[PDB]
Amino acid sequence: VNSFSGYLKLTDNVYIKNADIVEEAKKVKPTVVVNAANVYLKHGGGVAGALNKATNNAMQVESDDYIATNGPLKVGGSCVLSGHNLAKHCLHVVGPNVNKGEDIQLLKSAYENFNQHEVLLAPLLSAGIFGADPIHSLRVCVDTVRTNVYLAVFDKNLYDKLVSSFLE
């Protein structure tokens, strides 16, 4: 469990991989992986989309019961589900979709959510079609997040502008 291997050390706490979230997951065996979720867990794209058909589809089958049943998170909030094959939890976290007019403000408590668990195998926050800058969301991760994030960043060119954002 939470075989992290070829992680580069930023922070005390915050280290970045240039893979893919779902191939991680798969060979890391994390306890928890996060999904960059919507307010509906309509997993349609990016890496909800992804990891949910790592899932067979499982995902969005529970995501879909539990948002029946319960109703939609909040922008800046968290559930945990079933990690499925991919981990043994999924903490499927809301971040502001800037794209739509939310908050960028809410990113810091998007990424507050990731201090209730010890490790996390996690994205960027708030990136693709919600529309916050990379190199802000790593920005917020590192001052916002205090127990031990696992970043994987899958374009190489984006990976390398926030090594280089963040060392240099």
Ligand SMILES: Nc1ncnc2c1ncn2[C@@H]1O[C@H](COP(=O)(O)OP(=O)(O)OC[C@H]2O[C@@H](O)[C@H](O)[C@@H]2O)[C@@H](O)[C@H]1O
Second form
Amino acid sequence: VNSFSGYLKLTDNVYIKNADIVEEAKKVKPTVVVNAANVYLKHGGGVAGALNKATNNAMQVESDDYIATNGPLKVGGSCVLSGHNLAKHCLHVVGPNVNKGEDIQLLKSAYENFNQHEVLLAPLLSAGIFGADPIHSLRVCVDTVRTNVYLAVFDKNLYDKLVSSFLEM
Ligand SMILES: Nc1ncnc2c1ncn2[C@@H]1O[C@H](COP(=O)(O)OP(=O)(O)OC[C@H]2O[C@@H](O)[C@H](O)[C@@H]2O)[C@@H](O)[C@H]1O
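Okay, that was the form deposited without adenosine-5-diphosphoribose (APR). Show me the form solved in complex with adenosine-5-diphosphoribose (APR) next.
Following is the full complex, with the preceding chain placed first.
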């Protein structure tokens, strides 16, 4: 469980590896995988789609059940659903969607949810479909999260860019 290998240490609690998050979840057996979600837990085309695919759509049903009972999340919030065959738990976290005019400051609120979990495997919130700059998302991650976060960046060119950007310390 939580057997992370091959990561680059960026800070005492932020680690980064060039890897697909769904394949890492399977090799590492993490307690908490982070989904980059929207407030209706409708799992579209990024990390959320891939996690859902790997659970054979179980995440989507469970999500709708959760949404039916509880209603939609706030931007910058989270919920703890099941991780199914990927992890013990899946932390659904809703970053701001800047393509839809939401406030980038809420990215800090989004990453604060990580601090309720000792250890997580996560992607870079809001950095794909939601339109935030990956480098910014990484900066907020570094400055906000205090627990152990292992970041999976599947694009080798973005990994290289991200690391180079972090060295402007
Ligand atoms: N399989 C993957 N593994 C690792 N990183 C990934 C993967 N797919 C995408 N990424 C990276 O994770 C970051 C977040 O991308 P998204 O998943 O699109 O996250 P976000 O921008 O928060 O989009 C939220 C929206 O996407 C929908 O899937 C979701 O339902 C919500 O509507 C980006 O750097 C993206 O390149």
